[PDB]
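A single protein chain has been removed from this complex, and every other one stays in its place.
Here the chain labels run A, B, C and D in written order, and each chain numbers its own residues starting at 1.
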Amino acid sequence: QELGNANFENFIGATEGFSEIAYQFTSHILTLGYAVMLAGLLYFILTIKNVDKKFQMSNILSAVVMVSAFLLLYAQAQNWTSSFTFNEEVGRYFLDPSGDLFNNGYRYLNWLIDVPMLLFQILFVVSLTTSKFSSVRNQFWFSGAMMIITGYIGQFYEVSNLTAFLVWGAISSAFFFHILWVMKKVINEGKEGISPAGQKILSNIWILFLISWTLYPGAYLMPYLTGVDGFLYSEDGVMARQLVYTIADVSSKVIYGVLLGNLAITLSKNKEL
Amino acid sequence: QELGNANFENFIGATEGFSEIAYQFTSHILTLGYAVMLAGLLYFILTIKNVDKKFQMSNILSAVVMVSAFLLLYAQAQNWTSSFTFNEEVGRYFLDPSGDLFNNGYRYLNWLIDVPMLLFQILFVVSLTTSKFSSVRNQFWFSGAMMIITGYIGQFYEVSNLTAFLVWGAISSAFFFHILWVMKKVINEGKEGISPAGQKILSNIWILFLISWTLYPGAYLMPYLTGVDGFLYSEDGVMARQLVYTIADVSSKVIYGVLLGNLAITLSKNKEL
Amino acid sequence: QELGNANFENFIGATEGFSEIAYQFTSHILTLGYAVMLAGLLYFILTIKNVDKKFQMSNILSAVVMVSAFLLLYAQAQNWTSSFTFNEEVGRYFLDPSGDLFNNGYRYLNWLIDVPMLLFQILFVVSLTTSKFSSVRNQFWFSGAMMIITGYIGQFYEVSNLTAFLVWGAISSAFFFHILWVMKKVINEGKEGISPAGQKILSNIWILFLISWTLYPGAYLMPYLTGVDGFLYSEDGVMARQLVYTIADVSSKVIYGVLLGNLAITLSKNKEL
Amino acid sequence: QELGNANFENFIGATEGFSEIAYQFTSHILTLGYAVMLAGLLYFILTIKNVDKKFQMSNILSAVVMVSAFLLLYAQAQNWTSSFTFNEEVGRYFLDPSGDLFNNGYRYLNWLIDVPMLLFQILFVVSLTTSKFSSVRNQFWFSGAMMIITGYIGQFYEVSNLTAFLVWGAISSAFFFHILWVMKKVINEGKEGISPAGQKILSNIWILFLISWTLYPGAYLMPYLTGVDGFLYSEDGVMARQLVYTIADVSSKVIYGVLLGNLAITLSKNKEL
Partner (left out) sequence: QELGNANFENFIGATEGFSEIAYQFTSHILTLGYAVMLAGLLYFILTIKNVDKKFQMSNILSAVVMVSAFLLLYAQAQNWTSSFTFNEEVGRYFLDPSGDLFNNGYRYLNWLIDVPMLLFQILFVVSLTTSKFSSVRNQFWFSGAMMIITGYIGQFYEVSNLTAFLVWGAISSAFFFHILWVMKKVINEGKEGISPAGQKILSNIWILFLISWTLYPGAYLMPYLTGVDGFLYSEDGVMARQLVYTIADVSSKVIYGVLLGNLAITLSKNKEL
C-alpha cells in the first residue's frame, strides 16, 4: 500500500506485522519511559530545598523537562497502541491506519524544550571562567534548534528517500558536534576552582552526556545499522529504536538532573552529602 | 459535500487531503504547544518566591494563563487528530466528519482569559506615572474583548464569505491598534524611575509583545496571504497557521511571562539576578 | 422520534440539527467555562496567604467551588460533543443518541456543592451584627437545597410537560427569593463597622450576586422567553442558554470569589489594595 | 439474555430499560459524588495547619480517603454511562454489554481503604481512657475487612441466588455490629475529659456515623426492601441505591472528616473555632 514519507515502523507493521513480544515490549518500554519522567518530576520538585537558593533553578528546569518528556512519552505510548492492531488469523499486530501512522517526530519537536533546557540548566550550577554565560547559552540554543529541526526533516524520509535521510542527518550531526564542543568547554571551566568531589561529578556528567546524547542519532540510524535487509530492518529494529530512546531519555534527563543536583549540593555552603 | 461556515483546513482536508508530513507536523506542533504551557505553569509556580511579594501576582497570572493555554492547546491537539483520518488507497489524511469539523475558534474564546490577564499582569510589575491604573486596565479589557469577539465572528467566514471575513477582521484590527497604543504608553511609564537593567528588559518586552501579538492576525489571514489559489491555500498553509499560532503562543505567554519575572527581580529590593 | 422527558437541545438537534457555528460555539463556550474554573482554582490557592488567617477559609471555599465547577463544565463539554454528530449530506450536527441525550441536569446537582459553599463563604469575611452565623447558614443551605432540587425536577419537563416545568420553576423561585432576602441582610450587616472601601466592594458584590444568580432561572426559561415557536426555540436559543450559564458561572463563582478576596484584604490588618 | 451472577441494575437495564430521568439522574448523582470527593481532598489538604501537629494525621487520612473515593466514584460514573445505551425506537436506555455489565463491587473493594482509614483516624483526635489504641485499631481493621469481603461476595448473588445474598449479608452484618460496638466505646471515652463543645461534636459524630454507615447495608438490600416485584425492583430502585450510596459517601467521609477537624480545633491549645 501507499504510506509515503512515513517511519519504517509502519512498513514493518504493514508487511510483516509485529509478534506479541515485539508489540508488547515496545508498549512496555514507552510506558516505563513516561512513568520514569513523572516520578522524576516528583523527585526534582521534592528536593529543591536540598541545595542553596542560587542552584534551585537547576531543579526547576529538570522539573520543566520532566513535564515535557512525560507528556510526550505518554502521548507516544498511546500512539503506538493505536497504530497497530492484532490480526486474529495470523496472530500478529499490523498497521491500523485509522489510528494514524506511527511517527517518531513527536519526540523531535518536544526536544525543542528538552535540549535547550538541559544545556541551559548546567550554567546555573557551574561557574564559567573564560567563556561568557550568554554566549554559551546562545550557541547551545542555536545549534540545538538547528540540530533538531534538520533531524526532524530527515526522519520523515528514512524509508521514502534514503539520500535526504542521510544528508539532513549529516547536517544535523554537524550542529551536534558543535554542542559537544561547547559542553566540554563548559565542563572544564566548571571544574576550575571547585572541590575534587565536584570535579569527579562533572567528569561523570560529561561521560553521561556524551554517551546518552549519542544514542539519539543511533536511534535515527537504527533500521540501517545492519545495512540493507539487515537484522535491524525488522520488528527487532523497531524494538531496539524505542529501547535506545528510553535509555537515552532516562540518562540524558533524569540521571543528568540527579548528578547536577548532587553537584549543587557539594557546591552548597550549608549542605553536605 | 456541504461544510458551511467552516475553517479552510476542513476544505483542504475534504478535497486534497493532508500528506503524512502535513498531518503529522500539525499534530506535533500542537503537542509541543500544550507541553510548553504545562512546563511553563510549573516554572511560574516554582519561581514565585524569586521576587518581592508585591510582584508575585505577575507570577500567579502567568500561571493562570498557562492553565488556560494548556487546556485549550491540549483539547485542540485532540481535535486535529479526530478530524482527519488516513485513507489507505491514496495514502493521505482526509476530513473525518464523525470527529467534528476542525475549528480554530477554540483558541479565540480562550483568549478572553489569556489577553485580559497578559495585559493586566504587567501593571503589577511596572509603576505608571501619568496614566491611571484602573483606566489602563479598563481600556485593555474592553478593547481586548471587542478585538477577540469580532475576530471570532470573522474566522467562521474565512471560506464561506470572504467579505464578512475581512470586514470583521478590519474592525478587530482597530481594537488591536488601541491595545498596542496603550501598552506602549505603559512600557514607557514603566521605564521611568527604574534601573537601566529593567529599562532594557521593558524594551525587549515591547518588541516581543509587538511581534508576537501581530502573528495572531497573521494566522487569521494565513490562507490568503499568497492571494487566491496561492501557495498558502493548501496543506502548506494549514501547517503554517498552526506553526505561527504556536510561536505566537510561546512568545506572547511564556517568554513574555519570563521577561516580566526577570524585570520583577531587578526591581526587587533583596534580589539581584 | 421518541425522546421523553428530555431537554430541548435534543429536540432541536433531532429535527433541525445545529449549524457549524451553533455547534462549535456551544462547544467553545463550555470549554472556556471549565478553563476559567481551573485557572480560578490555581488563583485562589495561590493567593491564600494574601489575607489574614481568619479570612483564608473564603479562599479555600472558592477553591472547593472551582474544583466542582471545573469537573462539571469539563464533563458537560464532552457530553455536548458526544451528543451531536455531523451529517455530511446536509452539513449540520444532529442528535447522536449513542452518545446519550444532552441534559443540563449535570449542572443542577453540582450546585448542591456550589450554592451552599458560595453563600457560606461570605460569612467568613463579613461580620454579622444582629443575625446569628449558624442561623443564616442554615437558611441559606435549606433554601439552597430546595431551590436546586425543585428546579432539577422542573427542567426534565421543559419540553415534555410545560405545566410541571413552570410550577416546579415557580416553587424553586420562592426559595430563590428567600436566599436573596437573607443575602441582602448579610450584606447590610457586613457593611456595618468596616471602612468605606470595604462597603463599596460589598455594594458591588451584592449587584454581582443579584444579576449573576438571576441568569440561572433565565437559562431555565431560555427556550420560551420569545414565547411559542419564538426566536429562541432554535439553535439560537441553545447557544444563548449555554452562553448565559457560562457568564453566570464566571460571575457567580470566580468574580464573586475575587471580590470577596479583595474585601478580605481591606479588612486585613497587615495588608492594603 | 444470560447475565449470571450480576447486579440487578443489569436486569432492569436488559428488560425494561431506563427512562431519561432514571438514566440521567444516576449519571448526575455519581458525578456529584466524585466531584464532592475531589473538592474534599482539596479542603482537607488546605486545612491541615488549622489544628495542632498531633491532630494533623486525621486531616491526612481524610485526604487519603478522598483520593480513594474520587477515583472509584469517577470510575463508576463512567461505568454507568458505558453500560447503558439509548434505544431510539422506544426512547429508553438498555444494557449495552460491549460496555461491560454494571457492578457495585467496585465500591466494596475500595472500602478496604475507606473503612479502615475512617475508623483509624478518630483515634488521632480523641484520647481513649480504658481502651488500648492498638487493640481498638486491630478490631476495627479485622472486622472492617471481614464485613467488606463477606458483603462483596454477597452482592454478586443479589439476583442469581437470593439465599447466598442474604446469608453472606447476615454474616457481614455481624461484623458491622462489632464495629458499631467498638466505635460507641471510642466515642464515650473520647468525651471524657474534654470541653462540652467537643462533647457535643462527638455526639453529632456518633449520630452521623450510625446513620451514614447503616445506609450502606440499606443500599445492599435496596431492590428488595419492597419485597418481590416491589416498587423498588425497578429503575426507581436503581436510582434509590446510587442516591443512598452518594448520601452515605458524603456523610461518612466528607462530613465525618469535617466534624473531626472541628473537634481537633477545639482540642487544639493554640486555636479556636
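The rule is simple: a contact is a pair of C-beta atoms (placed from the backbone, for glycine too) under 8 Å apart; a residue touches a chain by one contact, two chains touch by 3 or more.
> With touch defined as in the header, list the contact partners of the absent chain among those displayed.
Result for the missing chain's touching partners among shown chains: A, D.
> Out of A:34, A:156, A:213 or A:216, which is the one that touches the chain we can't see?
If we include the chain that is not displayed, A:34 is the one touching it.
> Among D:109, D:170 or D:210, which one is in touch with the chain left out?
With D:109, D:170 or D:210 as choices, the missing chain is touched by D:109.
> Of D:21, D:63, D:187 or D:202, which one is in contact with the hidden chain?
D:63
> Considering the whole complex, not just the chains shown, which residues of subunit D touch the missing one?
Interface with the chain not displayed, on the subunit D side: 1-6, 45, 48, 60, 63-65, 67-68, 71-72, 75, 97-98, 100-101, 103, 105-106, 108-110, 112-113, 156.
> In the complete complex, which positions of subunit A touch the hidden chain?
19-21, 23-25, 27-29, 31-32, 34-36, 38-39, 42-43, 46-47, 81, 85-93
Basically, only the chains that are shown with their structure count from here on.
> Mind pulling the residue numbers of subunit D that touch at least two other chains?
Residues of subunit D touching two or more partner chains: there are none.
> Under the stated touch criterion, can you name all the chain pairs that qualify?
According to the stated criterion, the contacting chain pairs are A-B, B-C, C-D.
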